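A lone chain, given as structure tokens: the form deposited in one PDB entry.
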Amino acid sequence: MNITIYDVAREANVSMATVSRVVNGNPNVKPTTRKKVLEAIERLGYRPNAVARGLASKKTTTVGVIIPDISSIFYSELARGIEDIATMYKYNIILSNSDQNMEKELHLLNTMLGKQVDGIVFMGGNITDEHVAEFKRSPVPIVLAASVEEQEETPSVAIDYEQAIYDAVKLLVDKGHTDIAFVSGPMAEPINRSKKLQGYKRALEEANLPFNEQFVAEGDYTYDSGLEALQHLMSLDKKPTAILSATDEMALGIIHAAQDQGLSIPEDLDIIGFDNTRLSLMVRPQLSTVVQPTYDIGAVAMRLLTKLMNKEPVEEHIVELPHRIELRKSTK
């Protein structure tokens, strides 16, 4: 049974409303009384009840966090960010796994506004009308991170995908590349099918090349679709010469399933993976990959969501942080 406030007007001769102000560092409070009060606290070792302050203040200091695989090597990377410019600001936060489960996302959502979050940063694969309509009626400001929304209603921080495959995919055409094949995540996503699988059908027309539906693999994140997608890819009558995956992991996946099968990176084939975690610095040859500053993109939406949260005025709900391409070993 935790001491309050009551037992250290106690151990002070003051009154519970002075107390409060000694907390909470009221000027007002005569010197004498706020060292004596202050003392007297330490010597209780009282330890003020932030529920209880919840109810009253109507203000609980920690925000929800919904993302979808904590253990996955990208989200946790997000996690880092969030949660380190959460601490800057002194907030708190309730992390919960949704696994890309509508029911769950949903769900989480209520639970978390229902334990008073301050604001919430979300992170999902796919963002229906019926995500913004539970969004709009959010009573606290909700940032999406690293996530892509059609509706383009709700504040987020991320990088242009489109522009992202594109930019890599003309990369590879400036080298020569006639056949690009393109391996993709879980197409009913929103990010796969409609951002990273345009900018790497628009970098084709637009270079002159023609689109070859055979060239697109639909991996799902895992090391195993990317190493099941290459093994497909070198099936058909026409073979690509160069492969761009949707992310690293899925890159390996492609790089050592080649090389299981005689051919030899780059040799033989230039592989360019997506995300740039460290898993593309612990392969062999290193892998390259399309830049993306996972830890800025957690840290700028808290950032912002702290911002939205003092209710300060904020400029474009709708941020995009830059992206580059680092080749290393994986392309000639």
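The term rigid core refers to the maximal set of C-alpha atoms that superpose within 1.5 Å between the two forms. Residue numbers count along the first chain shown, from 1. What changes on going to the form deposited in another entry:
No residue of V291, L44, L279, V29 other than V29 has its CA displaced by 2 Å or more between the two forms when the core is superposed.
Residue displacement note: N310 has its CA displaced by under 2 Å between the two forms (rigid core superposed). After superposition on the rigid core, the Cα atom of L321 is displaced by less than 2 Å between the two forms.
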Second form
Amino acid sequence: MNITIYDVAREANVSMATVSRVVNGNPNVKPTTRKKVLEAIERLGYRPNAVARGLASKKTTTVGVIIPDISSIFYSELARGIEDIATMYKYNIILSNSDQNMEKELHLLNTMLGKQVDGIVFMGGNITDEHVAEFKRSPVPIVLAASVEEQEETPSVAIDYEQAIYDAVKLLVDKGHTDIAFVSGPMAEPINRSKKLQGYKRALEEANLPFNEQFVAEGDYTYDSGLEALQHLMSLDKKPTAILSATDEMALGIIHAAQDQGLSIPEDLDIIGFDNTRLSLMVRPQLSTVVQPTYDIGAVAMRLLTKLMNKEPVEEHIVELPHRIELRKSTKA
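Next up, the form deposited in another entry, please; the one we just looked at was the form deposited in one PDB entry.
Just this one chain is shown here; partners and other molecules are left out.
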């Protein structure tokens, strides 16, 4: 009950509506008036109450960010992009981890809308038809970031994970490789079984090279799984000449796994990672990676939201940011 827009209006012999216009920087206010009221504010140390503002205006200038795991070298960066563009457009963020748990996901979605957020950026690995359903009956806009939605009807920003792999794969072919291994992530997530995997097969198929299941390992985005991957590969009768990884951490682990078994990279084996996180540069030898503009993905995602929130019209709700391979010293020449 201390120093409110009321206490100010009195200190300035003017009405609340004036203290309002003044506080929310409205044109309609005699520079003399604006002066006085501004004086009073600094005289009582007035700090506007955002919640009351939210009740009356019907908008909290805060968005909901649902991310699977913020401790990730990947999402962290993905978030930083979102946070920046939000602060650029004067928006606060409500962060919360889902750890890919559909229950916790859909839960958060509610809790958030409950907090009355103006919009939400969603990053999940398994967008079900129910998820899409829930996204359709939301009072506020929802934008996907670096995620895959088969139904593709909810707006989102990302790259073409299908084409990325294909390129990386075709690139290895165009260097005389015939037995390329693909170390993926959980096949449960469509991005791995419906996107990256298919791109990997469509590459060999166009190169007329037979599809060999053995050459397909399933990791779990974890560095350790990157070692168990190289093993199960350099353990087969017919071993690969080059291995593509769906994640930098895993790939970064493929390297070391082989560096322990006396194998020397890139002299005895070609390696390629995916994402292009600072990680790549912190390996030895440097790692050749498929570049995905993570920070950009987040920033363009949050930017798209601001648009959809201010109800601006937008051509194409689904955005594809360009990608590219970046070879370092993880491969030959």
